Amino acid sequence: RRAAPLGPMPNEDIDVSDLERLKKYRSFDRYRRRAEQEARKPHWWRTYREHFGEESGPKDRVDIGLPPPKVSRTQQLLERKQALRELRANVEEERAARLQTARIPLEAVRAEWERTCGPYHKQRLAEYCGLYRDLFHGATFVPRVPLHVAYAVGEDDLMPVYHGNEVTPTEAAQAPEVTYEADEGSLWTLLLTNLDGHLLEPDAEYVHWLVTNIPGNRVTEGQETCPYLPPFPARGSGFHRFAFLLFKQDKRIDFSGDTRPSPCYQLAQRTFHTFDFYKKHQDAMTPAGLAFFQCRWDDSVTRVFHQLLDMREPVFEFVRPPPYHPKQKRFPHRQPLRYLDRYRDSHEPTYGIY
Amino acid sequence: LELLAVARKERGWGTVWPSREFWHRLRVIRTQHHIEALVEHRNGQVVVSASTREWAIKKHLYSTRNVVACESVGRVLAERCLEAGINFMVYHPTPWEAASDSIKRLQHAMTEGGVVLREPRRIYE
Amino acid sequence: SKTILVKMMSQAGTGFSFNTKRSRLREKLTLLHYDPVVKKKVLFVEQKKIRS
Amino acid sequence: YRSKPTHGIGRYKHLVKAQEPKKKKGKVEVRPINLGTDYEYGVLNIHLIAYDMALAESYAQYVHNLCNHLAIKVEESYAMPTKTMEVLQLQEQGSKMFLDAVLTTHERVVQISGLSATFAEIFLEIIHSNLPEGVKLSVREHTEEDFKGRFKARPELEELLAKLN
RNA sequence: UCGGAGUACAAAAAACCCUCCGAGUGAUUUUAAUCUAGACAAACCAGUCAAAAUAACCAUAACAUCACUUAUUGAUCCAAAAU
RNA sequence: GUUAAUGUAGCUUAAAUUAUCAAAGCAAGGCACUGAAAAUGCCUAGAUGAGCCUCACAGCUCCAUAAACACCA
Ligand SMILES: [K+]
Ligand SMILES: [Mg+2]
Ligand SMILES: [Mg+2]
Ligand SMILES: [Mg+2]
Ligand SMILES: [Mg+2]
Numbered sequence: 027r028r029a030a031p032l033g034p035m036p037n038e039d040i041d042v043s044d045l046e047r048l049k050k051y052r053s054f055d056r057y058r059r060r061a062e063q064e065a066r067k068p069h070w071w072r073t074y075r076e077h078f079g080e081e082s083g084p085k086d087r088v089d090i091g092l093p094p095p096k097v098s099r100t101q102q103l104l105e106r107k108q109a110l111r112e113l114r115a116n117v118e119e120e121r122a123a124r125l126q127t128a129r130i131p132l133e134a135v136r137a138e139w140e141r142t143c144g145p146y147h148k149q150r151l152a153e154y155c156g157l158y159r160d161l162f163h164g165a166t167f168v169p170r171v172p173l174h175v176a177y178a179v180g181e182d183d184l185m186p187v188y189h190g191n192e193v194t195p196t197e198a199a200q201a202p203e204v205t206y207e208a209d210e211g212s213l214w215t216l217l218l219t220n221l222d223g224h225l226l227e228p229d230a231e232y233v234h235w236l237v238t239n240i241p242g243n244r245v246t247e248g249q250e251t252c253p254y255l256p257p258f259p260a261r262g263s264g265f266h267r268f269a270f271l272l273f274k275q276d277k278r279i280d281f282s283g284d285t286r287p288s289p290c291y292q293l294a295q296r297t298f299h300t301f302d303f304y305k306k307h308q309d310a311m312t313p314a315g316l317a318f319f320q321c322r323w324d325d326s327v328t329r330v331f332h333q334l335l336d337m338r339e340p341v342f343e344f345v346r347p348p349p350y351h352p353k354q355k356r357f358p359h360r361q362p363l364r365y366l367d368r369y370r371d372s373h374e375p376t377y378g379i380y
Numbered sequence: 064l065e066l067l068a069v070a071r072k073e074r075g076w077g078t079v080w081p082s083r084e085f086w087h088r089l090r091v092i093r094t095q096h097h098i099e100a101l102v103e104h105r106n107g108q109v110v111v112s113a114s115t116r117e118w119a120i121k122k123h124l125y126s127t128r129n130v131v132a133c134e135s136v137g138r139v140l141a142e143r144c145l146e147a148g149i150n151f152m153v154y155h156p157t158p159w160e161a162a163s164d165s166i167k168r169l170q171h172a173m174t175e176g177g178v179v180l181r182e183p184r185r186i187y188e
Numbered sequence: 013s014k015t016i017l018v019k020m021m022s023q024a025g026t027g028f029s030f031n032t033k034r035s036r037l038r039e040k041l042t043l044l045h046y047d048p049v050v051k052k053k054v055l056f057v058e059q060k061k062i063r064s
Numbered sequence: 105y106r107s108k109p110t111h112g113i114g115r116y117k118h119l120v121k122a123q124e125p126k127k128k129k130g131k132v133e134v135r136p137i138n139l140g141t142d143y144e145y146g147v148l149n150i151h152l153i154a155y156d157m158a159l160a161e162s163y164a165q166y167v168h169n170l171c172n173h174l175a176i177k178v179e180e181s182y183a184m185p186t187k188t189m190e191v192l193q194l195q196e197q198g199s200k201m202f203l204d205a206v207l208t209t210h211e212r213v214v215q216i217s218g219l220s221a222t223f224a225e226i227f228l229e230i231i232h233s234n235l236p237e238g239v240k241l242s243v244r245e246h247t248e249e250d251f252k253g254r255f256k257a258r259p260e261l262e263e264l265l266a267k268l269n
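Protein sequences, first through last, are from chains A, B, C and D. In short: position in the first sequence from 1, add 26, done, that's UniProt numbering. In short: position in the second sequence from 1, add 63, done, that's UniProt numbering. In short: position in the third sequence from 1, add 12, done, that's UniProt numbering. In short: position in the fourth sequence from 1, add 104, done, that's UniProt numbering.
The hints are simulated quantities; they were obtained by calculation from the structure and are not laboratory data. Just so you know, not all the hints are guaranteed correct.
[Stated by the list, open to error] DSSO-like, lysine-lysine: derived pairs with alpha carbons at most 27 Å apart:
1. D:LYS108 with A:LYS49
2. A:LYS50 with D:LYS108
3. C:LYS33 with C:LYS60
4. B:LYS121 with A:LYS67
5. A:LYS67 with D:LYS108
6. A:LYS96 with B:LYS121
7. A:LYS107 with A:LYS85
8. B:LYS72 with A:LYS107
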């Protein structure tokens, strides 16, 4: 009983007759490009993307962030081409390019990458690590303003904190310094939170730093709300994610309801909900920057639990599910002698009445 | 789980190519005009990408379809992967691309760039 | 054309013999097998003819 | 499965040709010579003959590549066996000859399929206009006699054929 | 006796002194280990796959390949050989 | 001069200071690679018709392409 397909068949567009007229592929790298483009379309039949967690497929992402800068494409198109012609005409560049002997100023590219496409590349990094899922749920923001976080480790050594980096707690024992370009006409809010690491509640996150009403670039001159606390990931469960959030606020806002005590060491007072926190001051603040790093356990974590938190250090361990075995039959058929060992409770022999 | 080398790798396939048993895959596409290098998760998403189509890299290179252009793409992507914390990835090149001059020297930039191929073996695979 | 079955003894001194089918017109065979006794690959040489 | 709407999604044998394998006993160049369509000429052979190997092949490649751009089917791009002639000049104040030089001839043939009657004027116009230097263009029909020169000679049959006659 | 196609049209099974092809081994070297979760198959005896783990060697290396690859085979007892 | 169709590269994407990271993809070429093609490696050339309008939607107009009334032996 043949049924009718629910939509167009894949290869029905091409004509079966007159095969020689149709141009062939002639290559294997063309087919891979064609196959991959075909594999991402929403077919009406069952596909791999449907069963293996495509994260609800198309999602209407809510955008809560600064508008993109206004740039004139007409002027930009001409100047970009004009700059390229000057570099193209250089004969010495052709001498190096042909002889396969040339390098590029990676630092110069780093500066320009941040200004041009840095915010968009950092957006998918946060989405990949699920920062938006655990902070604003479905809502997302574009890190428009660049943000730099660095830790003072040695006398002059400076450990940077990029998007998705890895920092040992020893480097993060002291408070970091934040540098960003902003004019003295607005205010900023800095927030450092431990997305995972809350003990009692799994859906809450700790707060390690909170500076309110920062005048321009100078972070120190801003009002301080929650003092810095070194990261304290558990020994068993490693790689906790710590995120720096930068908020741009129009008016001086009364951030007194979230004030924490000065030598704050009660973890029950560090309980935080960024979505709830941003809900109260949604009108005033607006996320503008982002920088997050991974952090695992080290020796410097131990003293935090003992000296600072006055806490016994908890140690976890990765426990796998027990192996699966079938129901034991009274007379196993064509089974090895080790069939009894699978269902043994302990290897110590147990005597009964004897 | 990915950083602890305990997450599940999508073992299987074998009758198709490339094998999808990885955490991160390096996807290098050589169009006739531009060179694009991608780092992809097994979910299909792209994490970090460095391509000559970017204006940041375009204004520093002479041409976007040279052997030198592949080196610049490799070096820029290697820096970004370190900034993104991705230190291990799997690259499955086409056999003729493995002997190509550009791809051979592109991996040399990755090795000296700090990013190491050959992702670590899963613990209790 | 008939093949011959020969027993090969390890040259590592340990007593380990595995049989291998060999063509009759071929000369004495010498392979590189892997005896579990030494847990290392060692030379094996043809010793005796058992079955044709 | 038959009853499922996704039946026949894996069909591919109708995309590629049958590609009959060259059987050991059935190996034969079975060419169905087409002759006299309404607007399609028969199979033609573009015989390019020149004294220099490099020049003859260079123009042979141009003809083959031009056909592909013009959607002209090319059945084969074989090469006729070369012929060598011993050039002997006469000696002045005498009659006995002397070996002057050894000149050879090289022939390259690009067999083409049928073409529209209108395109015959246009296609040949490009060819004869681009004859570089001394290349003897010869566009003749693909008869079996013109294709017999590629094979060898069989005196064993000629011994029988002579006695048969 | 053993395998492949049809009879047996779409999961499995399914007969005839039914219709047609084969097998009772060669060629080559990549000479192919030990140990164990879970299963297919099956009256029984037999047959098949196989993660993890250990050793071997790119120092985090296990499918011998090709010939329609599917069949290329024989239970105890007993006898001979180093065990 | 006048009457009716059209004008990102060869086709075509984004774009068209409507916003965005950006003028894209495939074709088309040179050289090397058993002799032809084809693959592969290396490598070359580049357009947003023109102005105005709108400056935060995009279209009108101009010019040109091109047909027509229509100069022609
Ligand atoms: K947690
Ligand atoms: Mg069963
Ligand atoms: Mg294994
Ligand atoms: Mg008995
Ligand atoms: Mg060629």
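These are the hints, each one checked on the structure:
Taking the CA atoms of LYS108 of chain D and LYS49 of chain A, the gap is about 32 Å. The hint is violated against a cut of 27 Å. Between the alpha carbons of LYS50 of chain A and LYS108 of chain D the distance comes to roughly 31 Å, so the proposed pair goes past 27 Å and is violated. A C-alpha spacing of about 12 Å is found between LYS33 of chain C and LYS60 of chain C, which places the hinted pair at or below 27 Å, so the restraint holds. Straight-line distance between C-alpha atoms of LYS121 of chain B and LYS67 of chain A comes to about 31 Å, which puts the hinted pair past the 27 Å bound.
Simply put, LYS67 of chain A and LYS108 of chain D have alpha-carbon atoms about 21 Å apart, close enough for the 27 Å limit, and the pair holds. In summary, the hint linking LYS96 of chain A to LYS121 of chain B is supported, as the alpha carbons are separated by about 22 Å, within the 27 Å threshold. A distance of roughly 37 Å separates the Cα atoms of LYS107 of chain A and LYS85 of chain A; the hinted pair therefore is violated under the 27 Å criterion. Restraint check: the Cα-Cα separation between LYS72 of chain B and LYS107 of chain A comes to about 45 Å, which exceeds 27 Å; the hinted pair is violated.
Violated hints, listed in ascending order, are 1, 2, 4, 7 and 8; each of the other numbered hints is respected by the structure.
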